[PDB]
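Visitor: The lines below spell out each chain.
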Amino acid sequence: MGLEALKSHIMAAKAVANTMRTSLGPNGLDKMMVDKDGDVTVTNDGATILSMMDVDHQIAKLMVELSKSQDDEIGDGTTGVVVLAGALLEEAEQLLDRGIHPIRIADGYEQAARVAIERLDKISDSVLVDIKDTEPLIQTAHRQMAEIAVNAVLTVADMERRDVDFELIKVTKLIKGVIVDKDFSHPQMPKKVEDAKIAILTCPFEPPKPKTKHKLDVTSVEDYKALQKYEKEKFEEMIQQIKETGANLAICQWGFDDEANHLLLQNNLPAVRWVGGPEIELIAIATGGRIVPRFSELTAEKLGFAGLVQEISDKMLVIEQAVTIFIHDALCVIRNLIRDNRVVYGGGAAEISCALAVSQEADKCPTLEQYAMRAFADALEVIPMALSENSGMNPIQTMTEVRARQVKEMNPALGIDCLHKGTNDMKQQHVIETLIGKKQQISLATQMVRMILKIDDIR
Amino acid sequence: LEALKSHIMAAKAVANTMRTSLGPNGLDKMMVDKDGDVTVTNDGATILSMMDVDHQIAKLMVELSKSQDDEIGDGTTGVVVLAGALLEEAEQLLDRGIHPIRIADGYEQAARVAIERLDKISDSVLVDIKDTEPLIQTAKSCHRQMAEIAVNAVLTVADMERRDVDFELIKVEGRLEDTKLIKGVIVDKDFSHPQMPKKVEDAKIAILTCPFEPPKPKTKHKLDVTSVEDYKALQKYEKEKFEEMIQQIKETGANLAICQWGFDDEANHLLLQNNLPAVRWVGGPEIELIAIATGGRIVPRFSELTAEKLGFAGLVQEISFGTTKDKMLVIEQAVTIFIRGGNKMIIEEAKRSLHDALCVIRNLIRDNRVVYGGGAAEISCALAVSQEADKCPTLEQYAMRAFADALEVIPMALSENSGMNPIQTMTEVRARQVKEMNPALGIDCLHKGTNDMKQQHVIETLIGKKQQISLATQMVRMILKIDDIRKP
Amino acid sequence: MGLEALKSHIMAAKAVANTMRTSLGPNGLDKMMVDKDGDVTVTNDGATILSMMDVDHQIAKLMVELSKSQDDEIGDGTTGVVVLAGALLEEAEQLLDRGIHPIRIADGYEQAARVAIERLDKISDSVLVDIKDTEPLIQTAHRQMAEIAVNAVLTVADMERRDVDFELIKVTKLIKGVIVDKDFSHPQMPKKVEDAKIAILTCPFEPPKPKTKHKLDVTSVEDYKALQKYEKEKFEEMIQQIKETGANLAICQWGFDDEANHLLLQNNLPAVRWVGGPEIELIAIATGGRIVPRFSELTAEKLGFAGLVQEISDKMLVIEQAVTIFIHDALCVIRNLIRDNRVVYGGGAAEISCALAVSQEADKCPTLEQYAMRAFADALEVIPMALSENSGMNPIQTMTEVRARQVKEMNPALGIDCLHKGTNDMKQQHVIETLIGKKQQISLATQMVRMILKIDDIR
Amino acid sequence: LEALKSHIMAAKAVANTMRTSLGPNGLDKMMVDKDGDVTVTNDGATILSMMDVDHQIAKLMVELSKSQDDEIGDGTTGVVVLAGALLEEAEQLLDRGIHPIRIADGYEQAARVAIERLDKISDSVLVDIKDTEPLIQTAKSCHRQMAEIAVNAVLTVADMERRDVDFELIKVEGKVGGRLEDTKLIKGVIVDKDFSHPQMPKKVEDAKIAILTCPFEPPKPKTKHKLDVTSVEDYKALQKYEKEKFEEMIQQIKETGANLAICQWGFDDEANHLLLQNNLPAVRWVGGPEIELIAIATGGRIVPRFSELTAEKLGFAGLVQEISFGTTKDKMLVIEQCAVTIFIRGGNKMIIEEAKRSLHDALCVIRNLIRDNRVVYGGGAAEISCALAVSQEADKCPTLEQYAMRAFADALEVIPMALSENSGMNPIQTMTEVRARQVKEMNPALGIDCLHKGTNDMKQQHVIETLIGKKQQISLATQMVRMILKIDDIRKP
Ligand SMILES: Nc1ncnc2c1ncn2[C@@H]1O[C@H](COP(=O)(O)OP(=O)(O)O)[C@@H](O)[C@H]1O
Ligand SMILES: Nc1ncnc2c1ncn2[C@@H]1O[C@H](COP(=O)(O)OP(=O)(O)O)[C@@H](O)[C@H]1O
Ligand SMILES: Nc1ncnc2c1ncn2[C@@H]1O[C@H](COP(=O)(O)OP(=O)(O)O)[C@@H](O)[C@H]1O
Ligand SMILES: Nc1ncnc2c1ncn2[C@@H]1O[C@H](COP(=O)(O)OP(=O)(O)O)[C@@H](O)[C@H]1O
Ligand SMILES: [Mg+2]
Ligand SMILES: [Mg+2]
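As given, the protein sequences belong to chains B, E, C and S, one line each in that order. Under our numbering, residues 1 to 459 are what the first sequence spells out, in order. Under our numbering, residues 1 to 488 are what the second sequence spells out, in order. Under our numbering, residues 1 to 459 are what the third sequence spells out, in order. Under our numbering, residues 1 to 493 are what the fourth sequence spells out, in order.
Don't take each hint at face value.
Claimed, not checked - Derived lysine-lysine pairs resembling DSBU-like cross-links, with alpha carbons at most 35 Å apart:
id, chain 1, residue 1, chain 2, residue 2
1, E, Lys59, B, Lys61
2, S, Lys492, S, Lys66
3, E, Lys487, B, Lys454
4, B, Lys68, E, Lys34
5, E, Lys216, C, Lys182
6, C, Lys192, E, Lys250
7, C, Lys234, E, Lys222
8, C, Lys182, E, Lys487
9, E, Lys309, C, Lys191
10, B, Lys225, E, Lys140
11, B, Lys215, C, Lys209
12, B, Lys213, C, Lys192
13, S, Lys396, B, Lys427
14, C, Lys191, E, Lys241
15, C, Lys454, E, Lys218
16, B, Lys215, E, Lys239
17, E, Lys5, B, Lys7
18, E, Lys66, B, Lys229
19, C, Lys192, E, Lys220
20, E, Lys140, B, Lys7
21, E, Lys218, B, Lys213
22, B, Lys243, E, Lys66
23, S, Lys453, B, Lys364
24, S, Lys130, S, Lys349
25, E, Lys180, B, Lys68
26, C, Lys302, E, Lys220
27, E, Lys222, B, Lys229
28, B, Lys7, E, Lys351
Said to hold, decoys possible - Pair ranges (Cβ atoms, derived):
id, chain 1, residue 1, chain 2, residue 2, range
29, E, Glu251, C, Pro208, 29 to 37 Å
30, C, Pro208, B, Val221, 53 to 61 Å
31, B, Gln241, C, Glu194, 53 to 61 Å
Hints listed in this document are in silico derivations from the structure and should not be mistaken for laboratory results. Here a beta-carbon is modelled for each residue, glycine too, at the ideal position from N, C-alpha and C.
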C-alpha cells in the first residue's frame, strides 16, 4: 500500500524490538531457539539471535545485517541497536500522526544523532596503552583472559598507527600462531615439514575423462589390472606436478582414499584431506597461498611460505607468511580501544546524558525538527527503562530519579545499578562501553530508522 | 468508450505509484527480483525496468519510458508523472464530450508551444575548456574528481567536428580517491594458466562463441573400448583434434584468442606448447565488448573463419590487484571508466551518479544549453501554453489549458515530496514568475535555500526537457487512441 | 437452429463490423492486439487486424479471408468491406422482420450492387500513363516514394496489354533485382558466381541408412576414423553429383555444419544454408529453378539461370531468369491504375453518389426488391457516417448536408472533410480510391451478405 | 485496566468527531431527529444536545458539557476537543507505566497553572456606554445591529446596581419569513397562539390580564355517576344549567377588571362562544413557560382558581395585539408593567436558527462580562500562552507529575492546531511558527488568523473570549478527564 505500509513497517520492526527488549542487560532472557532437526541454544546477546529467527517481513529481515554486519563485526553491543531503532520508530509514529513528513523526521534524527555523538566526546574518559591497564580493564568481560587477550591482540596490531586488524584470531594455553585439526593422513610421513611450500588445491584427483561415446569394455587381468595401473600412473603425473612447482606438503579437498595416499608417501608429498572453505582459506590467508581450481594446472608463485608444520596428538603450523587462541567478547573491545582509547560509562548513563544534550539543544530549534529531536531524546531514554524493567525495578521511577541526579550532581555516569547490588554510581563496577561502540550504535540505529522512513510501497 | 477510461485509470495508477519518488526526496522502492538480490533506488529509471508487467497500458508505460529518455537523457520519473497527469485531465475533457483525437491534436499543439518556450528560457554554456567541470558538481569532497573523469571520458570519445554524438564506449567495473583514469576498455579473469605470455602487444583477437570438441559423426554409434591403448589412443585422438584446431586458428593471425564454453582438461596446456594464449570463458558481455572495441566481428564456427575478422588491438596486459588478478587491454581499433572504492556500496552509488554525468555531458555536447530545474521551467512552460490557449478558439482551447495544468503537477509533486503545501507554494511561485519576470525560481526544494534556483545551480539541460515533453505527449497520444486490446 | 441462426449470424457478423467501425478513416483507433508470448502491434487498416483476432463464430471467421484474400491481395481498402457487410446485414434484419424472404434480399442486393458499380463508371475520372502524373498521384500514400514505386512497377509490368503482375516485389536505395540475406557460409569461397546454375535442394545430407537391425559396434581408431572418413566420402558423392548436373552455387535447407562445408570449398561448390519456404521459393520463382526433394537424385533441367550472384556486408543476385525494393500501400494502387486508369474520389463521396443512384433507381421498382435496394442505399451511407463520427463530427448532420449538396451542386466529389481542415470539396486534398478498389469492395461485401443470407442450420 | 483504554478511545472518538466543527470554519453535521425535521449547526452545544447518545462515557461528556458550560458559559466544542486531547496524551502516559491517579494529579496542577496564567494575559473592557457593542462582533455580515440589540437586551434587564447577576425573563421567537436585516427593536414580551374566535377584538388596549391555570368547565362530583336525562324538558334543563354556570365565571372575572383573560388547559366547546357574547377575549392554551413570562411581566399573580380571585392580581398592560405572519398568526403585546423579548424574521427557514444561536452567544458573552469584565484574545492565543507557561512549570518539576504537565501542555495546543486545519492551513507548521512568534515578540495575543484575512496579530480583529469562559473551559475539561481517568469496570447492569 501507499502510506499505511509505513505504519506497517513501524509495527513490523518494533515487533522485533519488543521481541529482544527482554534480553537486554545482564538479566536478559535466554530464548530457546532450536533449528529444524538441531538442538537448543539458550543465550542472551541478540547478536546470535538475529542470525537465527525467521525472515518474516522484509523490514524485519532489514533489522538483521544492519544490527549484525556492523556491530557484530565492528563493535560488540547488538541488542541496543535494534531496541533503539524500534523506539525511534515508535516516536516517529506519533510524529507522523501529528502531520510531520517522514523525510523531515529522518533529517531531524540525523541532526539529533550528531548532537549525541559529539557529546560522547565530552562524556569520554581516556585510558592509557602499551602495558597493564588494559588487562585490569578486561575483567569486565577469570584473571588470565585479560592477559592472553591483551598480548594476543598486541602481537597482531598496526599500532603505528591507524590501529586496525581482524581476522587473524579464532579458537587453556598460550599460542604461537594459527592451528588446524586432522592429520596429514598416513603417519609414515614426516611430522617435520619445516620450510613448507603449501599447495592449496580445491579439486578432484581423477584421470581426465575424454568427451566421446565411452562405454569401456574390459576382460579380466589383461585390461583391468592395466586400468588400475593406468590411473595410478596418472596419479603420479599430478604428484610429479606438485613437486615441480614448490615442494613438501599440500592441502586438498574432496577425495583421496584408495592406494593414492600410499603413493604420495613414496614420493615424499605429505598432503592433507579433506576440508571445505574453512581451514582452506584459513591457511590461504595465513601462509601464501591463493587457491588453485586445478587439478595439476598451476604455477608457484601461489604456494605459501609457512616456516614450521608439525603434528601432535591435530597438526599445527607456526611461523607464517597471524596468531590464534586455543582453549569472544573483549577481543573486539580491545580493538576499539586500539582505535580510540576513550571510554564512556554504560548502564544507560551515556544514553541519559546524550538525551539531556539532544533535548537541551532541541529547546532552541525552529520549524519541525524540534519535535524530531525531542522524540530522539525520548528514544534514547528507552535503554535505561528497559534495563530497569528487566531487573524488576519500576521503569519510569528509577529512570526519572537518575535523569534528575545527573543534572544536579553533574555526573554523566550514575544510572541503573543494575545488578541490585551497588551504589548506582556506575563509576565503580567499572562498566564501560568504549567510544566506537556507542557512536557506531547510534549511527546504525539512525541509519535503520532513516531507511525505513524513506521506504514506501515496496511490493 | 469505457476502454479509454480504463487505460486512463490504469496508467495514472503507475504515475501515482512513482509520484512520491520524484525529486531528491524520493522513497527508494525496495523491489526484489526473481531468486536474486535487491536493488534500492529512487529515480524511476530502475523502477520501470522492474515492478509488474500487468496491463498492456502499464507495459506500454514502460519501454516507451525505458529506452528513450533513460538512453538519451537522464530524467525518467518525470516523464511518467507528466503522462499520468495528462491522462487525469484528459478524463475530465472526455467527460465534456470531446473526442480523443481532438485532445491528442490539442496536446500536440500545446507541447509545441512549450518546447518553443524552452529555447526562450535557455542559458548557454561554453565547451572545449572547463565550464563543464564546475557544472557537474550538481549531479551528485566526493564531487571534485567525478566531474573531471567524466569530462575527459566524453572528451576523448566524441565526434566534436561536429554533429556531436557518441555512446556507448563507457562503462565501470566496481576508496573513491583511488578511482583511476582510464586508457581503454578493461576486463577481468585471466588468460588461464600464468605460464602464458602477459605481453600480447599487436594482438590479433579471435572471437569464438563456438565449443571446442572433436567432430562427432552422425551415424548409429555405440562406441566401445578394449582399454590398454584403445583408451589412451582415444585420448591421443582428441588431443590431435585439439592440436588440429590450435594451429588452424594460428593460420590467419595468432596472438591471443577469446572463447566461450569448454576448455578444461590439458587442452590449454597444448595451446601453451603452440603459443596461443587464449581466454575463457564469458558470455554476451566481453564477447561483444571486445568485439565492438577491437575488430573483431564474431565467429560462430568451428573450422570456418578468415582474418579479416581479427581485431588489431595494440596492447594486452595482465595486472594483479592484491591477491586475485585481472587482465586489461589498451590501444584499440575507445575508453571505459574504472572504480574501486571498497565496501561495495561506495560503488554503485558513484556509478549511478556518474551515469548522470555522461548523459548530461552528451546532452550538452549535442546542444549546449540549460534550463533551470526544480519545476520552474515547467511553470514558465505552463504560463506559455495557457497564454496561447486564451487566444485560441474551438476545442483545442480546452486541450491546451489541460496540458498546462498537467505541466504544473511536477512543481506540485516536487512540493509535496519535500513537505511543503503542494498547490499553495506552486501558485505563489507561478505568481513570482510573472511579477519578477524570472523563468528560474521555484520549489526550494531541499527545504534550505533562497528559492531562486539560479543559485543551487540545478540544470536539466535542453534535450532532457524537450525529450521529456515529446515523449509524454507521444505516450499520451497513443493511449488516448487505441481501444479493444484483442489478446488472442 | 433453423431460422434464428440467421439473426444469430447477423449479430455475430455485425459484431465484427462494430469492432472495426472505429478504425475506419484516418482518425481510426490502433487496437493493441498482442499474440501469446509476442509483443504489441498498434495500427489502423483492418487488413492486418483480420489476420489476428480470433476464430469466434464460423461466420466471424467467414468475415476474414473474404475481406482478406481479395482486397488485401487485389485492392487495398479492407475495413470498408467489413463495415459495409455489417451494415447490409443490419438493414437485411429489418427487411427479414418485415416478412421478406432472405434469398429475395440477396438478389435485391445483387441488382443494387449492379447499379452502384455501373455508376462508378459515370463518377470515374481518367488519369494519364507512361510518364510523370502517376508520381504526383502517389503523394496521397515523402517525395521519392512515388518515383521509386513508379519505376519499380514500370520495370515489372505487362503493359501491352492485359496489365497484370505480382508478386516480384518485397523488401533507401534503388534496386536491380531480388535480394537475400545470410552468406554462402565460409568466406574463402568465391564472391563472384556470375552465370550461376542454382541447385535448389530442400533435403538432408546424410549417408543413406539401410533398413535392418542395426546397432553399430566400433573399437577406437580402426573402425571409428573409418566411419568419419566414410561419411565424408559419401558427402563427396553428393558434391560430385551436384556438379555433374549444373555447376557453381546451390541452395540448401536443414543441416550442413561439420567439416562438410569445408569439403565443398575444395570442390568449388559455394552453396548456402539454411532457410525455410521463403528465400527458397523466392529464388525458385526468380531464377529457375523448381524444387528438388532429394538428396542427390535430380536432373537439370531444374537449375536456375541467374546471371550474377555477389556478396556484400547479405549476398544478392542480379540478372534473373523480377525487381524488389530495398530500404506497402501505393504499390497495389499503381497496379490497379495499370489495369484501369480511372479513379473516383473517396472520403465516402463515391458511396453517397452510389446511394443516390441506387435509391433513384429503387423508386421505380415492383415487388419486394424495392425495399432491398433502398436498404442497400442506406447501407452504403454508413461509410460517410462512420467517417464523420471517427473524427468527432455529428454523423447524420454532416452526412445529410453533404447528400443534399451533391444533388444541388451536381458534384459526386465533396463529402466528409475529414481531417477537420479543408474545403470539403474532396477534389482538392487529392483523395482517390481508383476504380477496381471500390468495384471490388462492393462486389465482395455483397458476396459476403449473400453468402450469410443463404446459410442456415450449419451445425 | 483496558476498560480505561476503551473509555479513552470512545471519548477521543467523540472529540475527533467535533474537532472539525471548531472555530468559525467548522462543519455542520446533518443531524436529523425522530420523525421530524433536520438541524445543521456548528457550536457543539446543540450537537451534544442531540448527537448519538450511546456510550456511558460519551453520556458523561454530554452530562458535564451541559452541566456547567452550556448552562453558564458559551464555548462547548472546545471542552470536548481539549478533553479528547488530554485523554489521547494520558493514554501514552498510561503505557509509560504511570498510575492514572498521578496523571490526574499532574493534570490538576497544570490546570491550576494555566488558569492562574489567564489572569496575567487578561485585558479590561469598559461598561455602561457603547463599549461592549463593537466587541460582540466576535460571536458571529449582519453584525452591526445584532450587537446593538444584544447589549440593549442584556443591559435593560440586569441587576446592574450592582451584584451583577441576571438572566432569563428574556426569550427569542423567530417567525420565519423575511431577511435577517428585518429584525426589529423590541419592547415587551411577545407570545404565540391566539385569543381564539375570529370575531374577537384583534387589538385590546389598556388590558387588565387575568392569568389562570384552570379548566373552564363546571366541576362534577366525580363519584360513580350514571347521568341519565329523562324528559326532553330535562335535556333543556341540563343545557340551561351549564349555560348559566359557564357565565357564573365570566362576570366573576369582569367584576375584578376584565378586558382579556389568559387560560391554561381547556377552553371548552361553547365557552369561547359565551366569552365573545360577554366581550371577554381570553386565550388558550399554553403551559408553564409563556405563562410565567406574562406573570412576571405584567402583574400578574397566577390564580389556581376557578371563580376565586380579586384584582389586585390583574396586571396593567398598555397594548395587546394580534398580528398575522403569512397565514398563521401570533398575538404580541407592547407597553407592559415590566421584561423584553427579541424577534427575528430571517426567511428561508434555515436563515433563522442561525440568528438564534448567534444571538444567544451575545447574551451569554455580555452576561459573563457584567459578572467579571475581563477578556483574553481567542484564536487559540490564550491556549498557546497557557501551554508555554505549563511547559515552563513542567521543566522545573520532578517525579511523575512532570510528564503529566508536559502532556497537558501539548494537549492545550490542539485548539490552535484544530483551528489551523479547519481553515486549510498546515496544522503543525503555522502553530509552531506562532508559538515561536509569541516568545520572540512576547505578545500573548497573535495566532491563527483565522479568517485567512488579516495581520495574524489578533490584537486587531478583536477576538475576545472573556475570562470565565476560558477558566470554566479548562476547569470543566480537567474535571471530565479527571473522572474518565478514574472509573473502571463500567458495571451497567
Ligand atoms: N554490569 C552492568 N550494569 C549495568 N548495565 C550493564 C552491565 N553490563 C552490561 N550492561 C548493559 O547491557 C546492555 C546490552 O548488553 P547485552 O544485553 O549483553 O547485549 P548487547 O551487548 O549485544 O547489547 C549494554 O548497553 C550495557 O549498558
Ligand atoms: N537540487 C534540486 N532542487 C530541486 N529539484 C531538483 C533538484 N535536483 C533534482 N530536482 C528535480 O527532480 C526531478 C526528477 O529527478 P529524479 O526524481 O532524480 O528522477 P528523474 O531524474 O529520473 O526524473 C527533476 O525534474 C528535477 O527538477
Ligand atoms: N484524406 C482523407 N480524407 C477523407 N477520407 C479518407 C482520407 N484518406 C482515407 N480516407 C478514407 O478511409 C477509408 C478507409 O481507409 P482505412 O481506414 O485506412 O482502411 P482501409 O483502407 O483498409 O479501408 C477509405 O474509404 C477512404 O475513403
Ligand atoms: N474570528 C475568529 N478568529 C479566530 N478564532 C475564532 C474566531 N471566532 C471564534 N474563534 C474560535 O472558535 C473557537 C470555538 O468557537 P465555536 O467553534 O463557535 O464553538 P464553541 O464556542 O462552542 O467552542 C474559540 O476557541 C475561538 O478561539
Ligand atoms: Mg534527476
Ligand atoms: Mg461558539
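Visitor: Going through the numbered hints above, which ones does this structure break? Give me the numbers in ascending order.
Guide: Going through the list in order, the structure violates hints 3, 10, 12, 15, 18, 19, 22 and 30 and respects the others.
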